[PDB]
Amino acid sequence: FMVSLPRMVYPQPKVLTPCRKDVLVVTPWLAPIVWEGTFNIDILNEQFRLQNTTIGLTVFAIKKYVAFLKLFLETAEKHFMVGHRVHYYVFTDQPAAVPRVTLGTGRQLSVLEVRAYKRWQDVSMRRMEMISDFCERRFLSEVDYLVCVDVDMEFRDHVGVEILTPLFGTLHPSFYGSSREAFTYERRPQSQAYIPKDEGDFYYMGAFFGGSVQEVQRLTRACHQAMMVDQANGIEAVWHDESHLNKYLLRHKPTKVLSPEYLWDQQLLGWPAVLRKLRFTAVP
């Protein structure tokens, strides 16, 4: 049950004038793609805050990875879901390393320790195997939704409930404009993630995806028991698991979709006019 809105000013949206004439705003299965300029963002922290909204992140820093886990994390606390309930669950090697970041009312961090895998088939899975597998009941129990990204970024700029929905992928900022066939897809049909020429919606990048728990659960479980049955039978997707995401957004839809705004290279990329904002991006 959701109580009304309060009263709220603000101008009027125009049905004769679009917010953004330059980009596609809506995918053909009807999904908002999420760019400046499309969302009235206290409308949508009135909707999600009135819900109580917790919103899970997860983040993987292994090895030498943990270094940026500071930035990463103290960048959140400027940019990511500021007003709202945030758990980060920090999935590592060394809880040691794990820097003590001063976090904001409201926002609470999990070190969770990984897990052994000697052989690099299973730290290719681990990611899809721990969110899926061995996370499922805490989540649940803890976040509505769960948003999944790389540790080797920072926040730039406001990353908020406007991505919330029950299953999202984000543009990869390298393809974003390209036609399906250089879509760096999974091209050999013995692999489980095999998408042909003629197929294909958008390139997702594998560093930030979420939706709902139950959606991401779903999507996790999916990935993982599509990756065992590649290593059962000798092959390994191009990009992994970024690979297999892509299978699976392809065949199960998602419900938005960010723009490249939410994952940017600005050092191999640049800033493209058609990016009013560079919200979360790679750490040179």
Given for the second form:
2 protein chains.
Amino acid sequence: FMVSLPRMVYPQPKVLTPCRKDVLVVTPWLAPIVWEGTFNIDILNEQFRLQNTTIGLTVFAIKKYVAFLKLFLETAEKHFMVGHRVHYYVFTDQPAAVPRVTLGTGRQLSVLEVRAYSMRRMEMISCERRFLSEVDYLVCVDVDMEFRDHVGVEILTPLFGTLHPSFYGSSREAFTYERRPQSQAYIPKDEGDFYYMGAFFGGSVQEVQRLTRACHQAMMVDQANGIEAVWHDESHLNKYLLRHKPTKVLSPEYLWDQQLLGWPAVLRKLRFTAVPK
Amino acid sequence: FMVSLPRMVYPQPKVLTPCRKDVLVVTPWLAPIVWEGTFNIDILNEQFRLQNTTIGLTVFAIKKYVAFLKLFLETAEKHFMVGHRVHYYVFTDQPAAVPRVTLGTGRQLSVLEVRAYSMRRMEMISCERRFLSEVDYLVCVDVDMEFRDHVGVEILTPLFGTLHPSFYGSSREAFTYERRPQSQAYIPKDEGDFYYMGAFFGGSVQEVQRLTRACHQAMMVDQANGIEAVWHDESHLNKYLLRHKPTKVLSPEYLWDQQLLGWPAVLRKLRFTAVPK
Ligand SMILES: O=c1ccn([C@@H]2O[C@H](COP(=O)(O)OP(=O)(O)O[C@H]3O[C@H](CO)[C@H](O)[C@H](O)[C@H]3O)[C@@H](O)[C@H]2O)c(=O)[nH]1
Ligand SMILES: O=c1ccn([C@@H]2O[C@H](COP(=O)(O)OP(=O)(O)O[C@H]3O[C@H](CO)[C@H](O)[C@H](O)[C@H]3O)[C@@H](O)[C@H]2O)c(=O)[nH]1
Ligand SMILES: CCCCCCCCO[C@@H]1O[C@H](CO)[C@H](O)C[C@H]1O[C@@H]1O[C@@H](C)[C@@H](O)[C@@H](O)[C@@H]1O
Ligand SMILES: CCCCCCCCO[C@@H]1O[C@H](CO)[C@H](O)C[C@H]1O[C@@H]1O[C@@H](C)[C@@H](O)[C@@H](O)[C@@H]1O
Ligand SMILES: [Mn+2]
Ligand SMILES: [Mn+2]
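Other form of same protein, the form deposited with ligand GDU bound, not the form solved without ligand GDU:
Following is the full complex, with the preceding chain placed first.
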């Protein structure tokens, strides 16, 4: 049950004035594509706070990648879901190397020890009972990253992927999907909506567990058949999101590499960006 | 559980090419606004057929309005949810005046007798147990109308309203919301997203029952206080959808009066239109 919104004063949306005329803001299956200018964050914050929403953020920091945790977490504190309930889940082979980072109120961090050495992340996420009890949504991101700007409840939805920053302008034949019919991740050259990056996906706990289960099972079949998809779990993520359309798509504002790709006119904000390695 | 979509060949959506540049296609709370060119109906039909979706359509034909049923139903057969399961619910004081209309396969019609003589429609819809058992979505429309073009699963969502054809270009101060603070339907001049028409709303059975219950209760409070909102149940519908944002908004393609308003450039299709009375 969703209670009433309070009175709010904000600019009237105008039917004959698009927010953005330079980009596609809705997919052909009527999922929003999230760009700056498409959302009133005050309205969304109200809606999600009225549901007392809890967001889980999973991040893997295995072997040398523990060095990325300090900047990742400190910048997450500045920019990720501020004002909402957040539970970070840090999967690592080195629990003692996790930096002591000061958290804002309503935010917690759990260290989950794992084995070191593409199958690990999808298998590890598909924690099943814990996430169902503790959070409403799961967001699954790369650690070799930093938040530079707002990443908030505008992303939340049953299932989302993120446009790969290298391929948002590419035609589908150029996408680096797995192209061998012998792989479970196979997508032919005449199929595909978008190329999603493995570094930022999420959704409700239920939908994220479905996706990660399916990708894990598909990767196991491939392993048994002696094939490894060209881009590993990303290849399977793309296969999954082709056959199970996401209910929102994040623009490349949400996954950018400024060193590689600069700052194009189409990006009004760079929100979550690659750290040099 | 949603099974996989089959392989499909369709045009690739392009991130740097908007479908429509002339209209707002997503609200500031990230609900799609449904216009022609925003959706691939083949994808949506697949998604909704894979869930074996059943759509209930409610229509009231009381007193002289029974005369509108023949054209309403015959044109619904040509254009409304064709290929999907449909259950029409015709509420009338004259069961014997309901025309015998031939239905396509998978479609059924129930005649529900009611009393003759704004409270009736919201009260009557909030049938509660029957709809929950028989349909997935409810669509609630005026009878003095005809379908001229496709109205399909693109509209389905937990909660939707439709932009009133007279007001989609209007600023909010000009909207004919109820303006007296003594009414439950009161909306001040600095609030409001859109002006929704009472003639086409819907959603999941649960959300439609919530809306109709709330509007019925609000109208009862008004009656007890000796006030009747300026546009009756439409005034309350607008209050409800202000405080409970719809998850899709239908463009005026879905509710048009060609005699009054012609055929503006912004409408690529006229789907569901007023019959002269
Ligand atoms: O030694 C490692 C390697 C990786 N990671 C974790 O795995 C994440 C992903 O690894 P990278 O950042 O090195 O790789 P990309 O994000 O470039 O991932 C893409 O390239 C990969 C192969 O390099 C796979 O194909 C993957 O599916 C695809 O999304 C890292 O952020 C980190 O969280 C570790 O913790 N330790
Ligand atoms: O004698 C009647 C009158 C109305 N109706 C039913 O009620 C529907 C709505 O009535 P109208 O078509 O006459 O009115 P509008 O659609 O123009 O409705 C708008 O104007 C109404 C007052 O005229 C209310 O304010 C209502 O909330 C607002 O949406 C009709 O389609 C019909 O289904 C009947 O069956 N018999
Ligand atoms: C010559 C150097 C490597 C830089 C060129 C990489 C450009 C394409 O990005 C890569 O795309 C792959 C799928 O085709 C896969 O997702 C890995 C991805 O590379 C990662 O993401 C990029 C945006 C960069 O941050 C890159 O460094 C990172 O490895
Ligand atoms: C002088 C004649 C009446 C025609 C002028 C009506 C224009 C405005 O439409 C009316 O708007 C009201 C809210 O302000 C309320 O929704 C009723 C609505 O009138 C109905 O819908 C219109 C689009 C027409 O189909 C109209 O005939 C119908 O009554
Ligand atoms: Mn990375
Ligand atoms: Mn009418």
